[PDB]
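Just one chain follows, in the form deposited in one PDB entry, and it is written as structure tokens.
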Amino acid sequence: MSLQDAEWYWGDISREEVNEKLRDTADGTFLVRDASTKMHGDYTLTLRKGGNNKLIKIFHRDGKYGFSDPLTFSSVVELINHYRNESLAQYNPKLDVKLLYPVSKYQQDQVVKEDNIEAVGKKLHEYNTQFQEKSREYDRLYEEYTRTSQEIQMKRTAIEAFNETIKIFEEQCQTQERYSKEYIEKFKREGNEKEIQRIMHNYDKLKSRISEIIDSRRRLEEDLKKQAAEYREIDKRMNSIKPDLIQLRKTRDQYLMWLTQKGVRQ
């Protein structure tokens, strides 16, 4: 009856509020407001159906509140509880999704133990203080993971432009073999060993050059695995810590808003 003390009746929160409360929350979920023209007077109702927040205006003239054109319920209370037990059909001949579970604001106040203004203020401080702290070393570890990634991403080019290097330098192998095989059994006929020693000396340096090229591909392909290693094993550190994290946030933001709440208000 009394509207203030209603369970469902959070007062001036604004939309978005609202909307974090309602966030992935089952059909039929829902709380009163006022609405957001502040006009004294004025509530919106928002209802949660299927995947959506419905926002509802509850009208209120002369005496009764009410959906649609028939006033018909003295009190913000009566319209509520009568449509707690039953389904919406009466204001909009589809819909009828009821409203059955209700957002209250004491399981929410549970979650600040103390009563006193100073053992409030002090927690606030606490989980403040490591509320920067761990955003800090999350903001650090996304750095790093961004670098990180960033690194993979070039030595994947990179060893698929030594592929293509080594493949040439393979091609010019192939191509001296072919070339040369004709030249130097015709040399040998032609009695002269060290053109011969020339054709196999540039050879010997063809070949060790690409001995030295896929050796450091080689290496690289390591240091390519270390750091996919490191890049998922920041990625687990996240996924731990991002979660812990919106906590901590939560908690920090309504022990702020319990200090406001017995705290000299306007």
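Whichever C-alpha set is largest while still superposing within 1.5 Å between the two forms counts as the rigid core. Positions refer to the first chain, counted from 1. First, how it differs from the form deposited in another entry.
- The only C-alpha among 126, 164, 115, 190 that moves by 2 Å or more between the two forms, given a superposition on the rigid core, is that of 190.
- In the core-superposed comparison between the two forms, the C-alpha atom of residue 245 has shifted by less than 2 angstroms.
- Shown in the overlay between the two forms, fitted on the rigid core, is a CA shift at residue 105 of 2 Å or greater.
- Core-superposed comparison between the two forms: the C-alpha position of residue 95 differs by no less than 2 Å.
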Second form
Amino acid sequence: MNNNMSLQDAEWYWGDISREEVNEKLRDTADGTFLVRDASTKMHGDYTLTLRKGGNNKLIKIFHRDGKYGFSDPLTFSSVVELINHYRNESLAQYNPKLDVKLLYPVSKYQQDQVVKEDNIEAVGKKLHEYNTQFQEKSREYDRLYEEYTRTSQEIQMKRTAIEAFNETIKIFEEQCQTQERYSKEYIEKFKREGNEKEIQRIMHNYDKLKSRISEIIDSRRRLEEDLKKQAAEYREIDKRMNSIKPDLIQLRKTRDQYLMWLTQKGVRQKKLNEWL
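Right, and the form deposited in another entry of this protein, after the form deposited in one PDB entry?
Next comes a single chain, given without company.
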């Protein structure tokens, strides 16, 4: 059943897909995940096995000469399907002790067919439109929330700096009270003698004006602290809403890509894809 299968029908065979397209499908996948593509038409070799090992993509060229396939001389396998299935049930330690791992999880090109069970082209094309409409909608909703997030971040930082400026102003006006208390005690304690209350009147009036101004500034800093607390809460709330949309965006995009993949198979016209997208 297995080894008599053609290379074209093989789930793990992907044809002339680019090395980056392989990286997309292998990105952050478990060890043993793999697929085969055509080799670069500039280089020696026919196909390239790509597989996961230690969180990295390992590229292994499959060569050909006179009815035999393999990674290096001697070429011992009668086909690519024989080569792969051999290392599906046996470790690549045989080839190289460095990479002791089996080819466990094939990245199938019939994966979309499992998800999209509808056989009709126009029906699948209509679902693609539904999924693409939902995806663009959530994408715009996220883009609006992110604009708000960046705007709120800017306004929070301006408020944060303004609080520091208020605290410096409050320190300077508090230093002025100490400066007053220092030089007043020597003069007021003299001017209480000689019965001159006109002197205490004019000094204390000025000291009460200094205490009046301090009170206003402290209250202005207090009001700004509440505005910061209000907006810092909004900032966290905008972050929450974004974190709820993100998982829905990944799912919608991946589902759209599968419905696009299904229609790339069966050779659908490019103008039909653009009308649905």
